[PDB]
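Presented below, as C-alpha cells, is a lone chain in the form deposited without this ligand.
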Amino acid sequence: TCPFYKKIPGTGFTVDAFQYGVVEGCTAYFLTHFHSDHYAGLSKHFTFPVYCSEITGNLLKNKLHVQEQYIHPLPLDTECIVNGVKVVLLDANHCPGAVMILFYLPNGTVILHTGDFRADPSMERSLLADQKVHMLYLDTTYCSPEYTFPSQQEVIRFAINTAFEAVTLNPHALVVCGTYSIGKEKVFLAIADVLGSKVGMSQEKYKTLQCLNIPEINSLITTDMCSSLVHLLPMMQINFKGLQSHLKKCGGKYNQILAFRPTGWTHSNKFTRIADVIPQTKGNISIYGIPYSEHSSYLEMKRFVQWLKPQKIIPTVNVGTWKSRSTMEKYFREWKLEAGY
C-alpha cells in the first residue's frame, strides 16, 4: 500500500509510487528520477500516464521498454497543465534527468516535492524565487550535522590530479572507475578528458549513457575496451580479486591499476580531509574511495530550507524509526527559530 508522503493531497497524482500496483484514484504517476528504489515496479506492461523529464523518458523507453504512448516528457522551468493542475519541473542537481516538482493546487496551496536533490544557492534563482510554499516534501538523507563532505568540484580536482600524476609517472597504468546506476558520470568523464582517452565500458552501460543527452557523447565513450585507458566496471568488482581478474583480460597491455570507488558519505569524512586521502594497496593495484555525493550535506539542506521558509515540512528519508523522526523534527524547529519564520 502507497504511503502518505508519496500522495499529493487534493489531486489525482502520486510521486515515485510504482511498487504498490494500481493506486486507487491515481490518474497520473510522476517519476522524479531513474534510480531503482524510485522506479521500482515500472515495465513494458505499465498502461497509465507517466510524467517525467525528457532524459528520464529516454531511459523508460530504452532500458525498461515502457510503451511510448504512456511516456509524457515535460520541459524544465516551464508552466505546464496536467489533468487541470499547473505544475513545474525544476533541476534537482542529483543524477541526469532528476527533477523537483512544484504543484499549484486548485485550492491555492503550493507544494514542492524535492525528489532526491543536492541543494545549491543557484536554486534560490529558479521559479521558486519569491514563491510561497505551504508544504515541502524534503529529501532528508543527510539531515544531521555529522554529515559533512566536500564539494563535487573539490572531489573531481583530487581525482583528476591523482590519475594524471599516476599515468604520467607510469604510461602503462590502467585507470578503472566503479558504477552501479546513473549519476556521478563526471568522475569518469573528467579523468578520461585529462588523460586524452575515451571511456570504455560494457554494451549495457553504453546504452544507458546514450540516453542522457550529454553533448558530444559519441566522442567520449566506447565499447572497444582495448582502445581506452579509462575502464568502467560494476561497483561490486572494485576489489583486489576483481581488479586482478580484469588486469589478466587486457593481454599484458597494462602493468598497474589505479581504481576509484565513488561513495556517498563515510565516517572517514569526520577525520580525514579530501587532500589527505590515501588508497588501499596490494602489489600493483591501488583503490581510492572518494566521497562524491549527489545528496545535500546538512549545511546545504539547512541553507535551502531557511531561504524557502516553508509552512510545513514532511521528510521523505529516515522516517522509519522514532529516534530518526524526532532528530529531524528538532532540527526543523531550530532552523525556524534561528531564521524567524
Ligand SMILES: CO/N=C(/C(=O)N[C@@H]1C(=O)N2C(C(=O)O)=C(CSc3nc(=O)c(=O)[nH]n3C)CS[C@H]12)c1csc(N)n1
The other form holds:
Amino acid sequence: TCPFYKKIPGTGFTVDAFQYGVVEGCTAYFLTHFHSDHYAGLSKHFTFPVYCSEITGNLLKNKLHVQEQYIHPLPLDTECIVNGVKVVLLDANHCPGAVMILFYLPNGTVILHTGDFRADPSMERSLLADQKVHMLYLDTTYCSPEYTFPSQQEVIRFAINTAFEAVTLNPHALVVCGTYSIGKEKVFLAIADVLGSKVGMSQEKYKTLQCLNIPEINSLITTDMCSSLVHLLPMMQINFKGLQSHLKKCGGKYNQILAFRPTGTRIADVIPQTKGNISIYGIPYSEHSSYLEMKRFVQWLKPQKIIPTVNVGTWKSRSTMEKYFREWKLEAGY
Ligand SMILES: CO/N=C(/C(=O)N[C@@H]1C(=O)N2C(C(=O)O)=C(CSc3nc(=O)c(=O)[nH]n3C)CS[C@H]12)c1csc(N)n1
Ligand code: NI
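Right, and the form deposited with this ligand bound of this protein, after the form deposited without this ligand?
After this comes the whole thing, all chains and molecules, with the earlier chain placed first.
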C-alpha cells in the first residue's frame, strides 16, 4: 500500500506515489523529480492528474509518453493553487527539474517536502523564510556523520583542471563521462566548455537532454560522436574493457582516454587508475545533502515534526536518524 510518509496529511495529495497503483483518497499526485525510484508506475496511461515542474513534465511527456491533459506543470518561486490549496515549488538543487514543495494548508499548517535535494544556504534566503514551517519531509539519503563530500564547486574545478591538462598535453585524447539518469550534467558540460568541445552521445540521452531546455543546448551537445572530443557513455561502459571498445569504435581520431565516474577524502589528493592510455577517475559528485548540509538546513528551519523519506525501511535506520534529529533540536534550542 501507499505509506504514511508519501501522503500529505490535510490534503488528498501524494508525493512520488505512483508505484502503488491508485492510492485511495488521492485527488492529485506530485512528482518532485524524474528519477525512477520516484516515478516507477507512471505508464503512458496513468489516468489521474500529475503536478510537477516544467522540465519533469517534458520528460514525462516524451520518455514516459503521458498526455498533456494529465500533466500540470507549475512554475518555480510562485504561489499557485491546486485543488484549493496554496502550493509553491522551489529549486531542490538536485537534478534538472527537481523541486521541493511547500503546501500551505487552509488550517494554517505549512509543509515542506524536500523531495530529493542538496541543502544550500541560498535556500535560507528564499520563500521558505517568509513563514515558519511545521512539518518537513526530509531527504535523509546521507543522514549519518561519515557522509562528508566536497562542494560541487570543488569537484568541477578539479575535473575542469584534470581535463584541460590531459588535452593540452595530448590533443588527440578523449575525455569521457559516465552517466545513467539525468543529473550531474554540470560535470560534463563544464569540461566540454573549457575544451571548446560539444558533448557526444547516444540518442536516448541526447533526447533526454533536449527535454531540459538548457540555455544554448544545441551548441553544447551532439549525437555524431566524431565531432565531439568529450563523450558520454553509460556508467556500465566506464571500465578499461569498455573504453578500449569505444576507442576502436571511433576510427582512430583519439589515442588516449580520460574517464570520470561521478558516484563516489581530500580532492587534490585524488589519484586515478591508469592501465594503458586510459586514466579513470572516481569523483564524489553529490546532488544530495551531506550530514552537515542537512543539519545546518534543518537547524535553520526548526520544524516541529520531521518525516524522513529515505533509509526508512529498517528500525536501526529509523531510530538512528531520530537520534540525530534530537541532537539538532537540542543544539539549536527549538
Ligand atoms: C549498478 O548499480 N550501481 C551501484 C550503485 O549503487 N552506485 C552508486 C551508489 O552507491 N549510489 C548512490 C548512493 O551512494 O546513495 C545512489 C543515490 S540514491 C538515490 N538518489 C536519487 O536521487 C534518487 O532519486 N533515487 N536514489 C535511490 C544510487 S546509484 C549510486 C552499485 C550496485 S553494485 C555496486 N558495486 N554499486
Ligand atoms: Ni533523485
